[PDB]
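S.K.: Kindly produce the complete structure, drawing on both the sequences and the hints.
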Amino acid sequence: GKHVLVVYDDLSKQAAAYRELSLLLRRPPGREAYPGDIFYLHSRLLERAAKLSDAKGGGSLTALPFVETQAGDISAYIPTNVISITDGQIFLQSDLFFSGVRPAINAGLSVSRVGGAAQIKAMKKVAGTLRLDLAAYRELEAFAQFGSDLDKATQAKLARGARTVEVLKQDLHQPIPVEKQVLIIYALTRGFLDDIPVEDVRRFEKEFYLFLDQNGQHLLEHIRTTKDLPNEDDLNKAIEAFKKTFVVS
Amino acid sequence: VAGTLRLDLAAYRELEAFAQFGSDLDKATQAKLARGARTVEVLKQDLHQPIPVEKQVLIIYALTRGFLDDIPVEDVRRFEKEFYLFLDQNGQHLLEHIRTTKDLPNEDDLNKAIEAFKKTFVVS
Amino acid sequence: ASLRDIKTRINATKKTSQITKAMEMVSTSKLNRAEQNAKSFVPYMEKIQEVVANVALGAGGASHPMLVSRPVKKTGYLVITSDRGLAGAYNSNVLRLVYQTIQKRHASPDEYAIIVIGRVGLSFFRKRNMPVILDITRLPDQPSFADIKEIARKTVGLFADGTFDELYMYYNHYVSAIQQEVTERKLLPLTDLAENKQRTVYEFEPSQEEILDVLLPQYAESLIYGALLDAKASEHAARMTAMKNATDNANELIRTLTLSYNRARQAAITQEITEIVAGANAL
Amino acid sequence: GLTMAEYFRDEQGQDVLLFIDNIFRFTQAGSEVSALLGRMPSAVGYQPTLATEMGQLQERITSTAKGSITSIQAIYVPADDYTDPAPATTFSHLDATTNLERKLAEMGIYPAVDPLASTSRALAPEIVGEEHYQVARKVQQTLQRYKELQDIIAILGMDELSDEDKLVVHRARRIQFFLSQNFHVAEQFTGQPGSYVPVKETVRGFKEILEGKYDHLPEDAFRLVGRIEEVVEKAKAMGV
Amino acid sequence: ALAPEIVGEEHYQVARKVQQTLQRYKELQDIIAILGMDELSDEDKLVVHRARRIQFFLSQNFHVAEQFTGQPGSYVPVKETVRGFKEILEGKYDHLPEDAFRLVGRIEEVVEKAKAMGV
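Chains as they are written, first to last, in PDB author numbering: chain A, 253 to 501; chain C, 378 to 501; chain G, 2 to 284; chain D, 232 to 471; chain F, 353 to 471.
No lab work stands behind these hints: they were computed from the structure.
For every residue, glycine included, the Cβ atom is placed at its ideal position computed from N, Cα and C.
Be aware that a few hints might be false.
[What the hints assert, rightly or not] List time: in silico DSBU-like cross-link candidates among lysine-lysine, alpha-carbon distance up to 30 Å:
hint, chain 1, residue 1, chain 2, residue 2
1, G, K22, D, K465
2, G, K40, A, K409
3, F, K369, F, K397
4, F, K378, G, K16
5, C, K404, D, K467
6, G, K15, D, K397
7, D, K334, F, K378
8, G, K8, F, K378
9, F, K397, F, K438
10, A, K409, G, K245
11, G, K245, F, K378
12, D, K378, G, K31
13, G, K8, D, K467
14, G, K128, F, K378
15, A, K409, G, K22
16, A, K421, D, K378
17, G, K128, C, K409
18, G, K31, D, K397
19, G, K16, F, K397
20, D, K369, C, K404
21, C, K409, D, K465
22, G, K128, F, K369
23, D, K438, A, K458
24, G, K15, D, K378
25, C, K421, F, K467
26, A, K409, D, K369
27, D, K369, D, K334
28, C, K409, D, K334
29, G, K105, F, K378
30, C, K495, G, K128
31, F, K467, G, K22
[To be verified] Listed below are several chain A residues computed to face chain G (Cβ distance under 7 Å; list not exhaustive):
hint, residue
32, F398
33, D401
34, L402
35, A405
[Unchecked claim] The following label-pair restraints were derived from C-beta to C-beta distances:
hint, chain 1, residue 1, chain 2, residue 2, range
36, D, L392, G, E253, 27 to 33 Å
37, A, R390, D, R256, 41 to 47 Å
38, A, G324, G, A281, 28 to 34 Å
39, G, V73, C, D403, 37 to 43 Å
M.R.: Structure (structure tokens):
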């Protein structure tokens, strides 16, 4: 009945080891010398994670298999097999990592089939707007090299996308509670954060967390208790109260 | 002269691609176009023509010092051949000094002969 | 060819396509403001035309509009061209038109001279050595009257000084967002109009010569500025259309390259598997 | 050679260097011998035991409580693509990668090290220093912006777009040329003596060039000179 | 066998110039496809102008092919080939329509075909 989290650091190395073992045992080779049951090997592995029904012990096991690709070759045999097996995928891009997107999670090539029921209402109420904004900003990122587009609405997309990127950035080994993620995503989506400088957004979110620890115990407790967004007017009141004190630098 | 020639040709290489679309290329950087074309024309020779190292290096020195950047790109090969003939005519001392000491002769003494050939040379 | 070559070619085509798309977007943006600038300028020329169609006084003594037709001396040609390329047939149309027309109309350089606006026009008239006497370059992407007045005052004074006694100008005309036409329009020495007598009040004392020298140069200036705005609008439209076509061509080429790449993929996989199995079949 | 290094790090606890030149030949020889040994072939004709063969060697070069071995070892990349299994499998074992790159080497820009692909997990603010980390990330950023200009100027030209272009381009290329240092070994190819620059002087000169203390200095002064004082001296010499 | 001391200096020069123009055209065709003919430089425009004519003129109507189409074949001597290609390169026929260079023999056939056409 307990819940287990399992992480495999590299499936590709298991695949390589099994390939070597099969070839040494003189079994018939296959596509890239992989043995005939390499797909069955990983299906056996990743199919044992499940969420048990009520009639059985209500435990569950969850897995995060890892795949290592060379030069972004997502068309290789093992990566394709694992993508076929798994319920989702998230794609970390080294170019985005170097350009400053620290989590490097590409929202375009990352999909989760369970996404939806796997969230709480507070985050579900705000996730769609952020996804839509980032998707729109993806195309517009190719125009920022030109100094100006002669309508504010299109440049507003660039500004909002930059602010989104700055909000989503994070540092090592400092995870955030889901309620404090919900609050900051709400602040970004409702335009409270739109008037803040890009270099200042990163400091702004931490100062906002401090202000929450000061005077938002009721909001945080309500989110934790009901998995739902608090009173919209009271939340706006708190956010504007913080903005009354935060100073642009 | 090998290092400066190599660096100049390497620099000339890239901007040719951009030269096919832009017209705002600087006049000072058009000198790079001219010099690169001169070098590319200099680095050609026909079949079965072995050239001694002294006459090989004299023209390279003349090219890298800009002594022929005033001749159009069309006439560089004739410049080369008649320059070798002029050196055989008069540059005996220069060729002998180069062949003996393996070092470049005094820039004055060679530059005088280069300028004499320049004023002698007819352009088509 | 090789898989690496095909992939690199595909990526290069992709980046060129994206840059051309951005260029189309910025060109359309610039059109979005050139159009409103032209529309806002229209009423000023409307007022100047309303004033002009009272100052005529029938057969007045004005030296400019009375069809002097003196022995033609050094006909003046004014061309409006872009400072930057990447616009398709915009500049080529106007330059070929002026060249073809002047070759038939006139024979020797004593019978014509050229006024040039734009880098491509002056470069063309330099490489083909033509008699250009006055030019200007690198006008801002959204010009105002002050920018061109400096040149246009001199151009009009050139006719005032008994030179360029016949004057024509060439410029592309913004017929539509898709279609732009190269028009030839007569200028002040060939002035003609239609309106009959009317009444208005702007320095409306009947002093013919005074109102004459007050108005007519300014009328020429306003007409030049309007034609320039029209030409700029045409340039923006031509650039955006050409970039759209470039993106379409790049997309088609990318599609064909993807077909070739897929066929190369399957061939390479077949070869690798065959070699592995043949090596294994030995021992 | 590894056994000789191991004796020193185990018997006496010293800090030992181990320079292995072109380790790729080790796996290549393994691939040559595996086929004759009678083993069935592998994906790209390599040996089945490539991974374990590399790992048995590599995992012995590790620091212990008594001593510590550090190793600088080059990688040969066939056909100049990093997707081949032999260079691909060795990535997992490395803590710092210095990626020399062609089309940087082609301009004679030695030591051809790419400021972009060069990575090391030692670059962290709490280990190298906050100012060093800030300077390094700042120079990486200002070098990143320049590469994107290259395509748009290929299709238009350098002078087409002017949105802070003068400042950004200047900042980028002055640092890019400044990264190239004259080596002591490079005497065999140029005669000119090399120079040694410490980390404090490096970060200080980079702070100066970043803030613009030397914005008007020539580009070639940054190339192959070493310290910033040497740069300004040679620029004064050439530039009067 | 294409060497200056075997075929003749003029033959060698004409052949090399033809190959150079064709190579330049093949280089430029990628840009031509990607962004059209409009943005070519003036020298490149003339290079393409002569390259298309040369490429068409390299064609020939064979005696064997006289059964597929009614056109009889032709036999072209080397001297006439060289003279025609030199005349094309020197700019004598820059005004001809480019379709007049297709599947013809000696150079005078191009002129008479063009006169029979709309010229």
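S.K.: Identify every previously stated hint that the structure contradicts and give their numbers, smallest first.
M.R.: Hints 1, 13, 20, 25, 29, 31 and 35 are the ones this structure does not satisfy, whereas the remaining hints hold.
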